[PDB]
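For this view, one protein chain was removed and the others were kept in their places.
Labels A, B, C, D and E are assigned to the chains in the order they are written; within every chain, residues are numbered from 1.
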Amino acid sequence: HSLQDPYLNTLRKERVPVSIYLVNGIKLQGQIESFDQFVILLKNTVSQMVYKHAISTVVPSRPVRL
Amino acid sequence: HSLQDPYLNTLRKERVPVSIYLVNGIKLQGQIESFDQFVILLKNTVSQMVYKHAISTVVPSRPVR
Amino acid sequence: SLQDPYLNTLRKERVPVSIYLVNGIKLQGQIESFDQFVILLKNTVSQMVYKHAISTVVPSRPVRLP
Amino acid sequence: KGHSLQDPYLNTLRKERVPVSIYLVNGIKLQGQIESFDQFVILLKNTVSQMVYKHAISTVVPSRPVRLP
Amino acid sequence: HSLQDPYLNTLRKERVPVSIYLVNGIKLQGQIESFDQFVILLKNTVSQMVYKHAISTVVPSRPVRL
Partner (left out) sequence: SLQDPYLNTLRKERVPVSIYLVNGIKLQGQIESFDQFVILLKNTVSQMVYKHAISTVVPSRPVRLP
């Protein structure tokens, strides 16, 4: 958890565009507005709450330094 | 946790129409009637119980908070 | 808990229900009993369904809500 | 109601050696009889004796009606 | 793990070749090198790490006794 939090928090603070792929193959895009232990609030063309358990990978639009 | 609860509770109180997408791709629509640690009660024709573990995303029909 | 009182109402009232699995399959019958991890579904034949494999429980008619 | 239902149910199928079908979340249908089980897996006997993870199981359907204790 | 540990440990010790079916339908084959609470190390050309949560069934190539 010592890696996930800083990573998501940095993406959030720096408003880094991200692509979030779900386990079912669907791709969501936007910026991370906030998150907690179980969900990620993604804002963009469509604001939405995403459950982490349904996420396979988070691919930042550019590398992030922690 | 700190975000999911306030978020769901807001959608509930404001009776905001939502779209709930399941991990299998199916889309449910209705209003959040109530929820607990493991389920969400989605109201429509009849209120159905959705297990959170089966949910991918919750998309509000309008801006909240 | 909201799940327990809800399932108990469906059980007590013997309400016909549809149980959708996470893989899209639809089961029909009535809730005979349940515990923390499974539900006993009675229909043409009885069967034990793991809750981790359930997506939604849809009653055939409105029922008292917890 | 932790395992108040699951344990007595699986144990009945086990002791009575009831033929059963176990459907997995991916759609596969396994057949045989429950040899034993613990909190996470089920040992299913058929052509061979295999270990099934409960997390991959959707439903357990007895070949015939069963009476719980 | 009253059954899981003894079972996997026997397969490991007897070096019994096994078929591991994943929840996505892919079939892996090899010998169990080791395992812990979350993963199993499956040896073949190279030893790959398999997450238990992705496993549906473990099928021994030949009968084993517990």
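Simple rule for what comes next: a residue touches a chain if its C-beta (ideal position, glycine included) is under 8 Å from a C-beta of that chain, and two chains touch if they have at least 3 such contacts.
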Shown chains that the omitted chain touches within the full complex: A, E
Residue of E:10, E:31 or E:48 touching the missing chain in the full complex: E:48
Omitted-chain contact residue, chosen from E:10, E:31 or E:34: E:34
Touching residues (missing chain, whole complex) on chain A: 1-4, 7, 23-25, 52-53, 55-60, 63-64
Chain E, residues in touch with the chain not shown (by the definition above): 22-24, 26, 28, 33-39, 41, 46-51, 53-54
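The rule is simple: only the chains that are shown with their structure count from here on.
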For chain B paired with chain D, centre-to-centre distance based on mean C-alpha positions, whole Å: 33
Distance from the mean Cα position of chain D to that of chain A, given in whole angstrom: 39
Chain-level touch network, classified as line, ring, star, complete or other: line
Interchain pairs in contact, sorted by label: A-B, B-C, C-D, D-E
